[PDB]
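In structure tokens, one chain follows: the form deposited without the named molecule.
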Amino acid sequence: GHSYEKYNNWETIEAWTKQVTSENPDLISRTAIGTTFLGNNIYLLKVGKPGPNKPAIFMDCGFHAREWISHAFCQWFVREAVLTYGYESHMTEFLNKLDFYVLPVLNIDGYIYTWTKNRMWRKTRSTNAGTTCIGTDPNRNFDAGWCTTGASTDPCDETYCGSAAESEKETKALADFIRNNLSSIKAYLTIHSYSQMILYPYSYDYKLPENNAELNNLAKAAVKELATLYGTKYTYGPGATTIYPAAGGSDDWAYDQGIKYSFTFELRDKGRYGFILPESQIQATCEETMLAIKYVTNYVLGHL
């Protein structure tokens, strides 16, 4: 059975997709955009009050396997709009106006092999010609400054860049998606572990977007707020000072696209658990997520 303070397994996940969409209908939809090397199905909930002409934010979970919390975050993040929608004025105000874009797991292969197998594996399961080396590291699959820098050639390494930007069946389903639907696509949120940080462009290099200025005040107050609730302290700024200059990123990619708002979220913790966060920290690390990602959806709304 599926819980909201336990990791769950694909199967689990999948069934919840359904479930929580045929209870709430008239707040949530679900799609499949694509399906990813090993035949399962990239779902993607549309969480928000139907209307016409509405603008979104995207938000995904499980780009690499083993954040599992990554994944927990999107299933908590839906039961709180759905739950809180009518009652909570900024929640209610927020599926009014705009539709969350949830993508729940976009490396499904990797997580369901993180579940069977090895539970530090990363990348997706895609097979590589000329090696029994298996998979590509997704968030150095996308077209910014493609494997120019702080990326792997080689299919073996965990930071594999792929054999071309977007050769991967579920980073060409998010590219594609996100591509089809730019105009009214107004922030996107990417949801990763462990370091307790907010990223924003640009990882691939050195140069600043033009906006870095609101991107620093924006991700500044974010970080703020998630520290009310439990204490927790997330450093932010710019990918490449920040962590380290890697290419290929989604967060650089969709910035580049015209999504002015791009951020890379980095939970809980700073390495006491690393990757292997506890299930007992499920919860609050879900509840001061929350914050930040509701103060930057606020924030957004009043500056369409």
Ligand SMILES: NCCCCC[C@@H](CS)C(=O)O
Second form
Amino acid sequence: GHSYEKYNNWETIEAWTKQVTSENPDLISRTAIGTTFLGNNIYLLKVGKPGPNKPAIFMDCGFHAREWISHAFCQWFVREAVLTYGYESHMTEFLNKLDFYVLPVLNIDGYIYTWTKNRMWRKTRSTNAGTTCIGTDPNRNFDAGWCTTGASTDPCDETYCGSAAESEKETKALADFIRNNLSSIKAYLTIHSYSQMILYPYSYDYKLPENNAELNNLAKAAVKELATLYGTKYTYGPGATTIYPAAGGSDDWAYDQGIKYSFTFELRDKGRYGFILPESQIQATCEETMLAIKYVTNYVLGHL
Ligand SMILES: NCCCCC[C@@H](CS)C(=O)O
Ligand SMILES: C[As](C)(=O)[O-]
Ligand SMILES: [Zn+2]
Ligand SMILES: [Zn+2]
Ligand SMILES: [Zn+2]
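Switch over from the form deposited without the named molecule to the form deposited with the named molecule bound, please.
So here's everything in the complex, that chain up top.
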């Protein structure tokens, strides 16, 4: 049984993507952008009402297996969209004018592993040459200063950059989709946990983006908006100085593709439960995050 207020295993989320798409045909369509190392279909949900030349926002969750609240948020967003469409003026205008590509779980193999063998697994589950150690850090596997800093060359490490950029089937599929739909995608949003932060390019080097002032003010207003609900405190800024250097990020690569609005979200909390955030906090976490996400969405729509 699927529930937005609890963590659902992969068998359930997969079924959920098919059921939610069938229950909302005028608003949701589903497709597979590729398959994982273990051959699992990487599902993508296109949320929005059909229209001509609609701009789009790309959001993905579950890059890292153990960050369960991340997976739960993507589902929650879809929940909000279909529930409030028509009653809430902002969400209705968002879905009416632009499309939302929601990728529920990128690292499916890792997610499954966290449910069956190791709750704290982070990387993918592909193999590595010359060792029995498994996995690559998908957020260190993109072509952006790839493997130069804040990422390890040791395949037995949790931030292993992989054998080459896009060496992972999952990251290659994500990069390909965005590359194929670059002219329509105006914003890239990637959901993680935790440390409560809103980061923007870059993390692979200590440098700032062309529209630094704009992203900084947007991140600042988004954080302020999130705090309005429960007073949850978030920090924000360029990845390198706000959290730490970390080359190979999808947010940086996306931005370097030309997507001016690229943000990485580190959801609740600040370490009390860490990755094992209680299911009792799912509602509050997702509801406050919706405020930040919709604030960014509104800004994007208004500055096309
Ligand atoms: N593109 C890097 C953004 C800053 C780090 C995010 C963090 C999320 S867990 C990580 O993946 O280490
Ligand atoms: C505190 As962390 C490993 O979710 O960047
Ligand atoms: Zn993460
Ligand atoms: Zn994190
Ligand atoms: Zn709500």
